[PDB]
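For reference, the chain that follows is the form solved without its partner chain, supplied as structure tokens.
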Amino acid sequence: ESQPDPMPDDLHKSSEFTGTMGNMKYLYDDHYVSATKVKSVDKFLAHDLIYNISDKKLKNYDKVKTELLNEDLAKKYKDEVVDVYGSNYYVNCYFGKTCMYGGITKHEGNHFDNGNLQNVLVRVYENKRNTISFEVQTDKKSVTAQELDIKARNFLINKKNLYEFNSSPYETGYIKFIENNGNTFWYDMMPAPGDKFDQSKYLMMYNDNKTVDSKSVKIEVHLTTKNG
């Protein structure tokens, strides 16, 4: 069965977060590792994989380490030709090196024809009303929930100021994936309470490498505002 939906005390509140909200913004605002048709070159811990991947733009890294939930997942992908998409960090990253979690899909067999892109509808609720809906895209048949989440958050940062440097216009926020077998799961879009944001611990949720069928999955973002 599904992860049950958030109960009230399940969700992080931005007002109980007194660190820097730019640290969350930074992770999703035009920020991702993406590499295409790659094979792992190395390992640090038993559950991760290192890839030779350069950032086209700001030439910040040329090796990426992705950590996975378990050793079996690292074994499974070790020698496969894969596509990689995820959110990267430098704070507490050790192995121009950069770190992430999950983000791996096999290359072969995993694309639509004719260079087709698949649109995935994201419906945004604010205080339980459907205010906007937009579409994110992927060329991948089986896509990581991480990658879809990243795309949807990037759009929301720009359109709805989901995150700013100081804090957020929003108190709570979660993203919900509905699979066509009935399976649902969700991620808290807000930082853990306190004065520091731990990026590595935040992104750690993506280490399950959870993938969804792009063509049938639904996405709901549910946000609440500050007062009422």
The other form holds:
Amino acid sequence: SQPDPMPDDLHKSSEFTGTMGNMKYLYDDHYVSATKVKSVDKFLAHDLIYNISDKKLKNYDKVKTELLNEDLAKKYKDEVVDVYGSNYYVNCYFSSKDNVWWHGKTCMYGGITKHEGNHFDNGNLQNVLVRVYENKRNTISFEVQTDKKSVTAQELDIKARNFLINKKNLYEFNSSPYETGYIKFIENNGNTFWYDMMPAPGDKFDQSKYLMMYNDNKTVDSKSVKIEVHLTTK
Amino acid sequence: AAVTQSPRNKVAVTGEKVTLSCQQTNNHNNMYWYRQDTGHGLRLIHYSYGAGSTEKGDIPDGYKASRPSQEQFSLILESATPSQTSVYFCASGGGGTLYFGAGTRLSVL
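Pass me the form solved in complex with its partner chain as well; I've looked at the form solved without its partner chain already.
Once more the chain from above appears, this time first in line as the rest of the complex follows.
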């Protein structure tokens, strides 16, 4: 497994003079969700463009998701999959120039699974517990719902955070009531892995590069997997 | 019609939550939100490189912004106060360009 995080091994809110609103941005009721679709193009040896359209607004008609490497790209290159990820724009490219615009386009990483025989019986949804810890105490516990029989940690994580934003101010437009925080997962087998929630100790925040962590498209088994979030107050 | 703000003219009581809506048509990446001293110069509160991202300007304090789409940006004011009373201007800037809105004249009483 991934060993439990360390004190000075965690990012500190107090150290980010930036604007925590660009992080809130990626999880207050913001995700991309497509069902039963197939890649329809591609840029570099490892990203599959789909023709998924913005339902909420009118920002994109296509969605470039980038994966860990080339072979992980093909695993899905022409299969009917579902999608669940956080998209961004500032630095969403399709060529060589680094800050350039397009439209109907948006980027992400990971969030896809083979649709065939992965959903439930008659539309039933699965519930996933979340134990929240504030300063080491099980303060709040809720659950998350999904349609996958095996889903993208990203999906699950987003859904977690979105709630914490909507009910426990995990992120506020200027900063956050918390100093540190990480979302750790436990797999039925004993695999446990965690992901830092706080920005990088400095002035600005590259939205993108944060997310690049979701390019391992790592998946988990809803019906069993359990979640833990861990916070420390300012 | 390059850049337009809304509303043009606003009188609100000290307290209420005021939002200023600005929208473009030349679709420039960079969009800006401004404010200047009563007949002086314009000073940066908040700006944005692209939808879903803002950065703190000169005088961030006591404002909220939001960019939900390449051509749209908004100035949020949770609890107003007379101090914040002034004339706001919106711009977009790109490929050697900078546009301005017609300004919003506000009143915090």
